[PDB]
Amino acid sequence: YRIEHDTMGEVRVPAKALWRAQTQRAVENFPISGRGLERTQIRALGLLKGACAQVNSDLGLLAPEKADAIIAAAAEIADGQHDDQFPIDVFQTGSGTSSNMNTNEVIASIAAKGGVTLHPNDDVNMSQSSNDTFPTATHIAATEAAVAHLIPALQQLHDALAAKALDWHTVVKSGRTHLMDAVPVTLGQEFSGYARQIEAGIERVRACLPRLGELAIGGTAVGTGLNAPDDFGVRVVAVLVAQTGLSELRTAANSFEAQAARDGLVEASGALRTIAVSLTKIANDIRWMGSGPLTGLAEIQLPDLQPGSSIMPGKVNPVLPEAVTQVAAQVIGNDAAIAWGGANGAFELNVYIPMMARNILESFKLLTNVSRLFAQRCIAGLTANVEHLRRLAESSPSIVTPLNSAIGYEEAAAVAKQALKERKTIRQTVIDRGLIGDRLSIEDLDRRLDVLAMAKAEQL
């Protein structure tokens, strides 16, 4: 432990700590959750501070040697080398000013090790305020999370579902509506439905990016840009785009809206929440399809991933659909916290940013990781019980309707009843009731009862 002195007081910080006094005071002020910023927010703070130093150097406001040291330090933070140097609670001052100062202090300590003296506020925070920085970092992280990680994971899941839909194009089975027997579908058609939900999910995320990517940087304390260069925003954004390749980043359409509100995070959480709703449907159908082996639906077999029960030997459970539906619940909860924070800004500043940031970035992370796992450890290895599915379809009261024009709906209903009673196919029941004659050939019967043709699947 080393000793430091702010105005006014003495504070002890850990010897290995690169943060300084203001960060240590915040550590002492907010012992609330014990959880600090995630890797992605820390990275984005590093990206922002490097770009700001670049621009301050470019405009002749910051000595090049100082700028170069900030840029080098900030690069180390952005590269994830100092994730342990950010100890401040998520539940901190609502502008995120404490984490902003944490970044400035850590950068100055890194630079000191290379022989360059940096003032955390006067140099590392030059042209910035305690209010346009943390939300800028939040939107960088969220935009990067969307574009570089979530959309590719969703595409991977989409592609897995679509491949199954193709494999199972002719795997006929009974539809279910209201959980009751219905006319035939194919397993491929159902999975093409799941694939569309994920594809629409990607479209939903893409549609929020024009506003998610808006950055407040340059608006300084109240959105007016006082004490910054007039073009600071567009210059900093240009550097960030050039360096990251994230072309979705842009200066805000209105500098006051970009600090008074965090509506872009609320909008984006809505898209994540819709994806959670879709994933809930997909995962719950899939675990119901896999239910059994003997007292359930037994339509498909999920890959085994681990023993199911500490007490019931040999049982295996749909653990990936469970992870997906729990993740979806968490995204829904996080979404409510985000909206609550978003609605409650006042005048020139929304002061729920650290909480909103935690929730939106966690939702991105959970959906990204569980989507890849779902695709790779569950969807890819599904196998269908093809004969079981076809037998139930061919035995269903739902398929007697195309018999009506041959034998009348009365006799069709009798066929339906006897088929259930004897657990027979409709076909065999028609034969056993002696209905094959000049009225109905066996070839006409097989045409009328072609359950795959009833599913009306496009041939390829």
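Residue numbers count along the first chain shown, from 1. Here the rigid core means the biggest group of C-alpha atoms that line up within 1.5 Å when the two forms are laid on top of each other. First, how it differs from the form deposited in another entry.
- Only 422, out of 422, 28, 65, 58, shows a C-alpha shift of 2 Å or more between these two forms on alignment of the rigid core.
- Relative to the superposed core, residue 412 undergoes a C-alpha shift of no less than 2 Å between these two forms.
- Core-superposed comparison between these two forms: the C-alpha position of residue 395 differs by no less than 2 Å.
- Superposition on the rigid core between these two forms places the CA atom of residue 443 less than 2 Å from its counterpart.
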Contents of the next structure:
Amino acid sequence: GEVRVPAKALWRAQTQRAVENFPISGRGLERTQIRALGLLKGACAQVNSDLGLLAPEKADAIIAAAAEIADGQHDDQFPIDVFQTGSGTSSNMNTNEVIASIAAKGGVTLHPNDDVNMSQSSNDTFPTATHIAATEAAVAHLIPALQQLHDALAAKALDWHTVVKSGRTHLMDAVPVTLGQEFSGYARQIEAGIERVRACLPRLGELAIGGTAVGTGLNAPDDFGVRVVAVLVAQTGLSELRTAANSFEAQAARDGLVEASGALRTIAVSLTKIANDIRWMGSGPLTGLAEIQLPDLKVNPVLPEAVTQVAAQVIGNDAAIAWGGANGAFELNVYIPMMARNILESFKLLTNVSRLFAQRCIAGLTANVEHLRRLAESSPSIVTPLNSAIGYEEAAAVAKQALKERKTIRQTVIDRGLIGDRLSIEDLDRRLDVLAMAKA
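Let me have the form deposited in another entry next, following on from the form deposited in one PDB entry.
A single chain, with no partners or molecules, comes next.
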């Protein structure tokens, strides 16, 4: 039919039809997705050239246009809604048409399908770009952001190694701990988060390229996949990219995204705990716990709120990803654009809020040392450290009398006239010292 296309638009007919067919969310591909589609087209053009299937002049043109796209020079040339044909074929064609128009600016005539989509199908390209984008997000961005947060938490764990305070279990007063020990716990949660992301990489980095329409590789060179992956690894430095173990699994399912989402969700769960504890420690200053002071951006914990909200989003996104993941049929899972949107957003949210959390909250925390000490000196104590001085039986009697008369262990020892040759006052304070009780 007749198709009206904007003057300064590098996309063509089929992209414009897709724009008209899916006015649903008003939001299109992110920069990372666009970049990954550009990287893939350049790599495909390179391999088609190396195999003598594509004329060198045409290949050079594609590679040049693809490089512009991957460098972010055309992020306004991808107007198709996220909620499109579930294979992502519309965005694939979007990329083919934009490259064709760019090449035409350089006096080379490309056919979007026959040249720019050579050896590819409408079904193995978009999930490939999706996993490229997800792997890049995991390796180049999320993991270093998490490492930064870990290092900030670990720094406080060391700095506060002897800042004694009261433990809390069930929200109730418990035996002493140090602020440093608590932050050593938070740091380990983030460290384990990094371990979780790393563990999913062998399957997250699997690319479907080469499988063409249904996974068989019909109408592609037998080694298209492995050659394209090699160019991608060389150009991105992403050694985690690899050919799929099974070309049918790689298109019929998107289980790699579901798996990876689970790692992000676990991280969201840890971050909720860490953020929650931190805003509670900062609460008050009169009606709260008043354990620490957060940097001001009466200070509201705005970054913990940002963190806990991001975590909520990752959990919602995770549910959406799994839902689409389960609902593939036969040779193709047709939930890819929705799954891509959600997994890449979860990566982006976690990355950016972890860095903000680290730099503008954690690094600048100040402990209220004297208040914390007074809290520790209000914790329950135990009789065990008195055994080698008064014996198991007298200790047991002290514990019973303390419980009965609702007095501290220390005062009960004094009231029972136990301060003598077997136990001086100094010896009592040493054995019951709250920092020693924390076993730091």
